[PDB]
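A single chain, nothing else alongside it, follows as structure tokens in the form deposited in one PDB entry.
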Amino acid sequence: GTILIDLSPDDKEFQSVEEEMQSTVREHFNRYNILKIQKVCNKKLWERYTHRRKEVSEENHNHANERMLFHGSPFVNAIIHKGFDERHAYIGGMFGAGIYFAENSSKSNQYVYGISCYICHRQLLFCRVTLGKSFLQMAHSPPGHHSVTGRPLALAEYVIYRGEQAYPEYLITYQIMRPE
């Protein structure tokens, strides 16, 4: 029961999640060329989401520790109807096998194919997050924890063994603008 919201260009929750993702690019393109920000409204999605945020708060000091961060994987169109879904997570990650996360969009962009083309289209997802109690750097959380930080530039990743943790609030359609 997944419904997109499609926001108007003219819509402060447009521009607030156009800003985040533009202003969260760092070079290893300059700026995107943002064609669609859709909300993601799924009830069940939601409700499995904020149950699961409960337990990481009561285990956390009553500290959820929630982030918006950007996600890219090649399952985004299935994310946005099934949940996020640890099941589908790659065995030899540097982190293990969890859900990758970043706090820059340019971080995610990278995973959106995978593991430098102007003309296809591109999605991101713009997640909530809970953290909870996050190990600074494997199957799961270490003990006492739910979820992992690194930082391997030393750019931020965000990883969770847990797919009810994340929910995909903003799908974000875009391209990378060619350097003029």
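For clarity, a rigid core is taken as the largest C-alpha set superposing within 1.5 Å between two forms. Positions refer to the first chain, counted from 1. First, how it differs from the form deposited in another entry.
A movement of the C-alpha atom of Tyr90 reaching 2 angstroms or beyond is seen between the two forms when the two forms are aligned on their rigid core.
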Second form
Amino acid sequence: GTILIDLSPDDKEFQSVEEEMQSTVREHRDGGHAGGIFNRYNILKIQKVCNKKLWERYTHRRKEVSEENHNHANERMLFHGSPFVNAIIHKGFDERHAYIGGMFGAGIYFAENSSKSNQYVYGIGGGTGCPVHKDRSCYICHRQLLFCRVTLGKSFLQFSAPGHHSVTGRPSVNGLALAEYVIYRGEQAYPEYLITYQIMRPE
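Having seen the form deposited in one PDB entry, could you give me the form deposited in another entry?
Just this one chain is shown here; partners and other molecules are left out.
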């Protein structure tokens, strides 16, 4: 089903996805333990992820949700990082992609902060870091994030210090952090862009 199409760096679509990726980088309270130390990325590639059957699975679920929420899908574009980005662009999101111990309750997690999703590229907590150097802050190995179309519908607003289709994990302390979100059905997200980058060591 799945084909990847390169966006040229000169394409406006490449440029708006890049800018979203760069501009939603923030400092993390772990000092970069999980995701490494950086303020921006070297963007290597941006690919549109085209799969007709996964896309129809998304629009169909989107429909159902809009119709349970006064015609409002409450659709966002959000980041997702995972060691399973390959399975996801081929087979779609599903239960095995759910973060069981997630801070806002078991489900599939998405972030407004690209740098938050970056923390999960090598697994929970950055796991053991890159597979080549075991370096969570590796500046050499290439990473991927997905920039995804997510249907939130009626979102349960949860604060950190049934009748809902998602949870919004609002930040409270950390007046720097953006929102995180959780869906319970894989069909409510579609992995539209695949972004290959390095994190860049600061000056």
